[PDB]
Amino acid sequence: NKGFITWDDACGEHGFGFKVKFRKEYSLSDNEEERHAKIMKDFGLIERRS
Amino acid sequence: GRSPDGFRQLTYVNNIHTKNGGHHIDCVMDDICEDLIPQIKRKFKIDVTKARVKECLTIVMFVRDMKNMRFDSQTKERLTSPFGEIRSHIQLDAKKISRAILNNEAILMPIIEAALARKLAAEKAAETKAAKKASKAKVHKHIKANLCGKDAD
Amino acid sequence: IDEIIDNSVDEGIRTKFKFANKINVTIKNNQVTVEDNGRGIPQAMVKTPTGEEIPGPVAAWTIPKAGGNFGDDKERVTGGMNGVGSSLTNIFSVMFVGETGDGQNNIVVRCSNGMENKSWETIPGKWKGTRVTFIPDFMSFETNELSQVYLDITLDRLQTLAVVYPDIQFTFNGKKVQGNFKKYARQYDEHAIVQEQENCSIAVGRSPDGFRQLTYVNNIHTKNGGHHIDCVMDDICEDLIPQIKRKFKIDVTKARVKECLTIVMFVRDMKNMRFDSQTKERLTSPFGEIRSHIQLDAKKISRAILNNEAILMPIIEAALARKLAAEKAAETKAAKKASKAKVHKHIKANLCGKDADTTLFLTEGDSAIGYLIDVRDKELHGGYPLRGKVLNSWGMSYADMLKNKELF
Ligand SMILES: Nc1ncnc2c1ncn2[C@@H]1O[C@H](COP(=O)(O)OP(=O)(O)NP(=O)(O)O)[C@@H](O)[C@H]1O
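Residue numbers (the UniProt record's numbering), protein chains in the order written: chain A, 253 to 302; chain B, 256 to 408; chain C, 52 to 459.
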């Protein structure tokens, strides 16, 4: 809803299969340090439990 | 009087009729409505606008022997007298007219009956229902393959 | 102020938009400075019936019944018909200076003490225009100083007249104003339909608490209108009211149709104008001349506000507020049909009313009342089933517990 990115439902057999399409206003960073950190800050891959 | 189908009026400034109007009549509706509209609002809890109650009445006034009357028209159809001279000479007590038209039910009753449909109306509730009349809903609760539209099997 | 303003505008329009195109207005602290680069009043000699030889601008500014607007009505496009206007401006002013350059000379008229002092002088110069700077008489008017609501009036009038005439550029206290009919229509209402011609420009909007208008004949603010808006609104309504009668079968009266509009009408380049007063607030011209001059397609306005539900559907819903609100059926779409007082489903014992030790069973369904009919004592034990699902009890008014069937 921010307009940053869009997604489409293509869920497979094992796990998930969602296909993510990048729009133009976002960081679109490089160097594979800050783009991955922006992914785990934005897509929420890193999850913490107790 | 009464007027169910538009605005009617009758004005005489001294011996001269204004079929168009003037500024003493604005004082007459002002002094009548300033005593009438809060009294009707306290009586039947209705909020009807000044134009909506102005178009429902006819007023016939006869004015005799007032000084420095002014007319911009060659037919003298608009009394352009100032409000100071009009309010100084016209000593018409409008609160007795307001309480006299308050005691007459020949005007307010069908309008109040129409208002009673909404104002002070009995509640209904129950199953109101809704005719949303469907929607397109293409992307919701359906499976979209990547070949949606292309020539395939 | 409007007399000097329309004198500058008439000087602009008498030369077909080539002089007096820049009119500067400066009204601050009881002093008015209004100038334009027109031809002005020339140095040519204008004679008096008394026999005295009085020059041009001083006879235009001090003596009434003087002007170049006393010509034929079939050719004149200016709105002036009196000759008394700048004398009316100068009489109620305690200080006045006025300069008119004609391209060869400046003529400066200084007036004071309410036509006890007036003096005209001729200075050599190369100016071509008119400038009037006066300080008004406060012992005649019921005021002592100038307030900002009059300056708001002057600013809105200059905005309006700039929308009427975009060739003439007006500046109020050194501040320029542009004139467009679209921004003037959209200051009014956001859905005001525009309709422009080579001589006409009319926008239709909304008036929710009465009726509103602002119409212009040439260069005069006709706040009382005239025959022009009567003919144009009859031409719009004679196509509009049958169209809404075909639309939603409600015969809305003509006052009730036209009562929900605001109209922005600016008319340019008209001839043979007639107003009934020196106040000039309303047009008494014959309708044949106005109808021959106006080539505005009013049926375009009628079809362009017929489909516009932002204006028309408030009138039709007010008709629904006085006729479909009178079309009363009083339901809630729950089950519709007849509003029964008491349904036929009823089990009544013979002790319905007396003081005894009887009971009523509010049991469930026709099964339990079938077993109850097969079981109970007719004198002692009663019964009643329930029709179905009942909702939450305290979300509903006591008159709506009276609207509910099984509770009744
Ligand atoms: N500053 C001026 N600029 C141009 N013409 C002027 C000026 N002052 C006076 N006049 C002339 O003198 C007249 C002013 O008196 P006025 O009563 O305005 O006459 P009118 O224009 O014929 N009538 P009206 O505008 O309806 O009041 C105008 O008609 C002009 O011809």
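Careful: at least some of the hints might be erroneous.
[What the hints assert, rightly or not] Pair by pair, the computed Cβ-Cβ distance ranges are: (1) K393(C) - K384(B): 35 to 41 Å; (2) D348(B) - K374(C): 15 to 21 Å; (3) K309(B) - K374(C): 19 to 25 Å.
[Said to hold, decoys possible] Calculated from the model, a selection of chain B residues having no Cβ within reach of chain A, i.e. all distances over 12 Å: (4) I271; (5) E289; (6) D302; (7) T313; (8) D327; (9) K374; (10) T383; (11) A386; (12) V394; (13) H397; (14) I398; (15) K399; (16) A400.
Simulated from the structure, these hints should not be mistaken for laboratory data. Cβ coordinates follow ideal geometry from the N, Cα and C atoms, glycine included.
Whether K374(B) stays farther than 12 Å from all C-beta atoms of chain A, as the label says: holds (43 Å)
Consistency of beta-carbon spacing, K384(B) to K393(C), with hint 35 to 41 Å: violated (25 Å)
Claimed clearance of chain A by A400(B), with the beta carbon kept past 12 Å: violated (8 Å)
Assertion that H397(B) lies outside the chain A interface [Cβ separation over 12 Å]: violated (10 Å)
Exclusion check [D302(B) not at the chain A interface, CB over 12 Å]: holds (42 Å)
Whether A386(B) stays farther than 12 Å from all C-beta atoms of chain A, as the label says: Non-interface label on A386(B) holds, nearest chain A Cβ at 30 Å vs cutoff 12 Å.
Claimed clearance of chain A by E289(B), with the beta carbon kept past 12 Å: holds (54 Å)
Assertion that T383(B) lies outside the chain A interface [Cβ separation over 12 Å]: holds (32 Å)
Closest CB of chain A to the CB of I271(B) still more than 12 Å away: Per Cβ check, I271(B) is outside 12 Å of chain A; nearest 71 Å; holds.
Distal placement of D327(B) relative to chain A, Cβ over 12 Å: Nearest chain A Cβ is 63 Å from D327(B), so the label holds.
Chain A versus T313(B) - minimum CB to CB distance exceeding 12 Å, so not interface: holds (60 Å)
Range hint 19 to 25 Å (beta carbons of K309(B) and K374(C)) holds or violated: holds (20 Å)
Going through the hint list in order, the structure does not satisfy hints 1, 2, 12, 13, 14, 15 and 16.
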